[PDB]
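Only one chain comes next, encoded as structure tokens, the form deposited in one PDB entry.
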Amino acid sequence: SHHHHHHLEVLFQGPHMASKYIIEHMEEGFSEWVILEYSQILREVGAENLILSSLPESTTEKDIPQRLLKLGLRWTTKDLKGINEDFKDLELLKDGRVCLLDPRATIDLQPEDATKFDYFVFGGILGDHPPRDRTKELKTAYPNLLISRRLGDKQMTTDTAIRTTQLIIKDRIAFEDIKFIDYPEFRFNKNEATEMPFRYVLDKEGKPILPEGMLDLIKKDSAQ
């Protein structure tokens, strides 16, 4: 009775060829907000295409939210340069072929960058306004691995940055063609409304795309 000690999910997804998305986790633990965000990301890019890296060394499976485990989250306490040690199935993370999505970069990501990078890295950061520039910690941590690219001049949530990167790289849509809304207001009644100071991508109904559950969380907050 050893037959469950396997890596079938990995065998089933290979051989690797497709762009991957890596989130360097940079929050303590997993708040409800983070869980909803990461759940949405998993659903949009596919569990086989996401890695959550740099978790604290003491992290074990019980510390990972069951909602994320159920959606297939691949997670590791290794940093970017140790990911290949844990996940032997992934393509090598090659110097210069790993793109840091960096709000301060001087050059915006473009569809032709699909040819130029195999991995796209995001800070798992709940941003502040004004931004605290915490993404810069990644640039200093991996100075020869990463090349920075921008997603326009306003801050996006992690799931929005990944959604935008997928539209540019996978769907080959130029940034200037993506329909965004800057700093949307969410109003529910005369007593309850909240602005979110990020840039969001719009769905075909003209509404900002939020993780499932997030509008409920914003409504619960406004009701307090």
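Numbering follows the first chain given and starts at 1. For the two forms, the rigid core is made up of the largest set of C-alpha atoms that agree within 1.5 Å on superposition. What changes on going to the form deposited in another entry:
- Among the candidates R104, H129, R97, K154, displacement between these two forms reaches 2 angstroms at the C-alpha for one position only, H129 (superposition on the rigid core).
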Second form
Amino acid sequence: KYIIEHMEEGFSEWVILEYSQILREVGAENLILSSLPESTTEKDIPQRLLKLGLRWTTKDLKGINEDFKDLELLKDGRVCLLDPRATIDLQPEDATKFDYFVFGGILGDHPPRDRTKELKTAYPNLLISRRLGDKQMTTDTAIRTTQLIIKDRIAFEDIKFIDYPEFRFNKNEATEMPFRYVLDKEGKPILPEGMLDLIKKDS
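Could the form deposited in another entry be given as well, to go with the form deposited in one PDB entry?
Here we give the lone chain, stripped of any partners or molecules.
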């Protein structure tokens, strides 16, 4: 159901924390990590994700069925590409329309590689583009949101968010995260396990 195009070279601690959280919230059978470098083997995947059962592949969108027997084929118009630049928000009623939710992004910098657009250009008949509100989200937030709209059938504007949360570490260090986050029951922003400590040590 959820397909993440791996958006970096190697795996930083940050992306390991995100992917870990995603895995524990959707379950390993429901996430495919795709488009990894062609040379990638098991020894290249962080063992923390392997233990959690991460399904990964070097293949791309059209080729993933070749790597997984259980995966229903990719039909035209039933694959939703998620893009903050799209004009139509994802709706609860879309639960019927899509069998796959794809996350692209921007790979690297200097130059950057807009994978979202390249996908859009590679799969003109496959992809439908949808937005998750007018603010930028992290991958685990974007997935949590997709899951809230599609599985819990809650419309976007009924979801409680916080934008640009500020985290205070000491009397000196005040950092602000330039993203929208889903609130938890106690009114605080949901981050992956370990993310907070990671942000702290960055200061």
